[PDB]
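Participant: Each chain, written out:
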Amino acid sequence: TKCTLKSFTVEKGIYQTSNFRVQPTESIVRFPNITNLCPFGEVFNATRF
Amino acid sequence: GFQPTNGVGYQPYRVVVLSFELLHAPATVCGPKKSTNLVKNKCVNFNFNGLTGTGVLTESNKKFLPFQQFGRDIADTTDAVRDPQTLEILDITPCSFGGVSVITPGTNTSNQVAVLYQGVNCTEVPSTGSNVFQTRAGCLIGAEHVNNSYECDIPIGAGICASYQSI
Amino acid sequence: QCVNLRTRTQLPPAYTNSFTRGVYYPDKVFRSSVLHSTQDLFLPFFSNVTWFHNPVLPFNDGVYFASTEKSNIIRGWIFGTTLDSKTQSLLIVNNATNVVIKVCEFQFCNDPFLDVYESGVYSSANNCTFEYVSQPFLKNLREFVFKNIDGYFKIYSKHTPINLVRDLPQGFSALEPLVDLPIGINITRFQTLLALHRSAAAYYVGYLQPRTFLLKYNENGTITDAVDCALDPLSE
Ligand SMILES: *[C@@H]1O[C@H](CO)[C@@H](O[C@@H]2O[C@H](CO)[C@@H](O)[C@H](O)[C@H]2NC(C)=O)[C@H](O)[C@H]1NC(C)=O
Ligand SMILES: *[C@@H]1O[C@H](CO)[C@@H](O[C@@H]2O[C@H](CO)[C@@H](O)[C@H](O)[C@H]2NC(C)=O)[C@H](O)[C@H]1NC(C)=O
Ligand SMILES: *[C@@H]1O[C@H](CO)[C@@H](O[C@@H]2O[C@H](CO)[C@@H](O)[C@H](O)[C@H]2NC(C)=O)[C@H](O)[C@H]1NC(C)=O
Ligand SMILES: *[C@@H]1O[C@H](CO)[C@@H](O[C@@H]2O[C@H](CO)[C@@H](O)[C@H](O)[C@H]2NC(C)=O)[C@H](O)[C@H]1NC(C)=O
Ligand SMILES: *[C@@H]1O[C@H](CO)[C@@H](O[C@@H]2O[C@H](CO)[C@@H](O)[C@H](O)[C@H]2NC(C)=O)[C@H](O)[C@H]1NC(C)=O
Ligand SMILES: *[C@@H]1O[C@H](CO)[C@@H](O[C@@H]2O[C@H](CO)[C@@H](O)[C@H](O)[C@H]2NC(C)=O)[C@H](O)[C@H]1NC(C)=O
Ligand SMILES: *[C@@H]1O[C@H](CO)[C@@H](O)[C@H](O)[C@H]1NC(C)=O
Ligand SMILES: *[C@@H]1O[C@H](CO)[C@@H](O)[C@H](O)[C@H]1NC(C)=O
Ligand SMILES: *[C@@H]1O[C@H](CO)[C@@H](O)[C@H](O)[C@H]1NC(C)=O
Ligand SMILES: *[C@@H]1O[C@H](CO)[C@@H](O)[C@H](O)[C@H]1NC(C)=O
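Chains as they are written, first to last, in the entry's author numbering: chain A, 297 to 345; chain B, 494 to 619, 635 to 673, 689 to 690; chain C, 14 to 66, 81 to 144, 154 to 174, 185 to 245, 260 to 296.
One chain only, chain A, in its complex shape:
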């Protein structure tokens, strides 16, 4: 209060000093299901090349 008002003595009243806000805790990543794999096993595990 003294710093914002720039004085060593403060008169009776109510004064607005600063702002308040909540901070985020963690992060969340969401994405659709993993499906429709690229066929690589059949080629790499193929008997005949």
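Source of the hints: derived by calculation from the structure; they are not laboratory data.
Beta carbons are placed, not taken as given, at the ideal position from N, Cα and C, and that holds for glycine.
Hints may contain errors.
Calculated pairs, DMTMM-like style, for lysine to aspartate or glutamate (alpha carbon to alpha carbon, straight line, at most 20 angstroms) [as the list claims (entries may be wrong)]:
(1) B:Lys535 / A:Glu322
(2) C:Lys41 / B:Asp584
(3) B:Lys556 / C:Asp40
(4) B:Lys533 / A:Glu322
(5) C:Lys276 / B:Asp566
(6) C:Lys41 / B:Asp572
(7) A:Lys308 / B:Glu659
(8) B:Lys556 / C:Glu222
(9) C:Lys276 / B:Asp569
(10) B:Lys555 / C:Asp40
(11) B:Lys526 / A:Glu307
(12) B:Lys533 / B:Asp572
(13) B:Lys527 / A:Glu322
(14) A:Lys308 / B:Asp661
(15) B:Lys555 / B:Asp566
To be clear about the criterion: a stretch of chain A counts as covered by chain B if any three or more of its residues have a C-beta under 8 angstroms from a C-beta of chain B, and this derived list gives those stretches [stated by the list, open to error]:
(16) 305-314
(17) 318-325
(18) 333-341
Given chain A, work out where chains B and C with the ligands should sit, using these hints.
Facilitator: Frame of chain A; chains B and C with the ligands shown alone:
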């Protein structure tokens, strides 16, 4: 001349060469995505299917049509999303904020004060001080609620105000 | 079965009125009980829609296609520029089990018909790039909107139980998004596909233009009404 006894140099080796092309046509193959888990009722940030933003996620009763992926309200602000896996409607609320004010009787009289957080629920203040009061104007810390009534010394709001007797 | 059937059928193409048909959801956003103004490609209200009762027609920038069909004689669509093996071409057919989509360089017959005895329309098929199979799209009214932009081919659709006898009704109904294709192509002209047994099809074609519309979203996020923004001073 592949034979079982031919040494390392003559062994039959199967070789596959993979080449990647990224022509001007839209991409069709990509790697995994590695989605994380879900939390609720906490101020967190998120990137739902590439849509980023912070806030708190709650359960919502809005009913999407089967083809929307999210929703926004007037003035173009996103309000709801649909999780790509469970396919349910979640609601987004910005994390709380406000201003702080100090009530003092004057340095001439004393030097103890009370604090008011404007428009903030009395659940996430932090820090303890004294008993904490919840008013229509916000949350107040450092004053005692009484049942009497007097004139108004230091107006606080919503029909209540404070004075020094303690505060 | 590359056979010819007719040479000069009913030539004069009729004209009729569009009224207030051809509205589709322009995005995947949910809105509830709100008015929203958007600028995009639409079919102007009370426009002149061409009635056919079957040549190659221009695509321009987008196409609205309508059919008061029964027993689904129409089968599919063909898109391209040169309509031969020298350039990309897109083919869509709908048989009794699964709608089929292909992107190849065919040699379509000059009178490509399916008939029953998935060939008889193209004399060749090579260098195929994209394939797709899904559930088939189809006294019924079938409305479709075809758009192509940013290497993406968008298809919107709607089916309606129609009781009127001759032409489009005086009603309102939005079109849901159906399919998107991430394939680059330069469609400029197209053609309709019919499968007639060896022994005269009525449909409507309209074109899209860029303009602004006002849309009303009800509580459940469904478009219930719209206003064209250049029809008359009251609309402005
Ligand atoms: C993504 O995969 C998960 C894992 O299987 C699916 O979750 C299961 O879905 C079935 C189908 O209804 C339920 O019977 C199970 O109880 C679910 N298990 C859970 C939630 O742990 C999920 O449905 C899939 N999402 C899709 C395919 O969109
Ligand atoms: C501060 O938050 C609490 C917690 O949500 C609110 O208490 C809820 O109030 C609603 C409606 O009054 C009830 O349906 C919930 O059951 C309450 N939950 C709990 C845990 O008490 C409280 O109302 C909020 N403060 C203000 C001033 O609204
Ligand atoms: C309809 O078109 C499909 C397009 O592939 C034809 O092909 C069969 O479709 C069924 C549907 O699942 C598959 O089980 C078969 O394996 C497909 N055949 C082949 C050779 O792959 C289908 O035959 C067509 N049906 C009719 C009645 O025309
Ligand atoms: C088969 O079709 C593909 C695309 O559908 C053609 O790919 C071309 O590839 C070259 C170099 O990779 C590019 O410069 C061209 O722009 C591509 N063309 C198109 C239309 O995308 C491929 O040339 C075709 N092959 C044959 C034999 O026709
Ligand atoms: C449609 O045809 C045009 C040619 O008129 C293609 O535009 C060319 O695109 C390549 C790749 O970016 C450029 O290097 C050329 O300079 C472009 N030519 C012109 C005349 O602009 C366009 O790519 C074709 N559409 C698709 C989807 O391939
Ligand atoms: C919009 O959504 C509401 C909420 O679901 C619909 O109201 C329901 O309609 C069904 C069908 O008649 C009734 O069986 C339910 O009882 C209704 N719910 C309630 C709470 O009354 C409404 O029909 C939908 N459409 C419109 C145009 O409002
Ligand atoms: C091939 O099969 C073996 C069998 O154990 C497995 O260990 C290996 O991962 C497979 N590789 C591919 C590419 O599928
Ligand atoms: C408070 O103010 C009174 C006059 O109003 C003065 O006499 C007194 O000295 C002051 N006390 C302080 C400044 O501590
Ligand atoms: C009086 O004040 C006390 C303490 O603030 C409070 O608990 C009580 O509800 C008030 N009213 C009565 C009738 O006691
Ligand atoms: C379309 O234009 C023709 C003249 O070319 C006109 O006779 C017909 O009434 C018009 N149809 C409309 C505006 O629906």
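Participant: Of the numbered hints stated earlier in the document, which are not met by this structure?
Facilitator: Going through the list in order, the structure violates hint 11 alone and respects the others.
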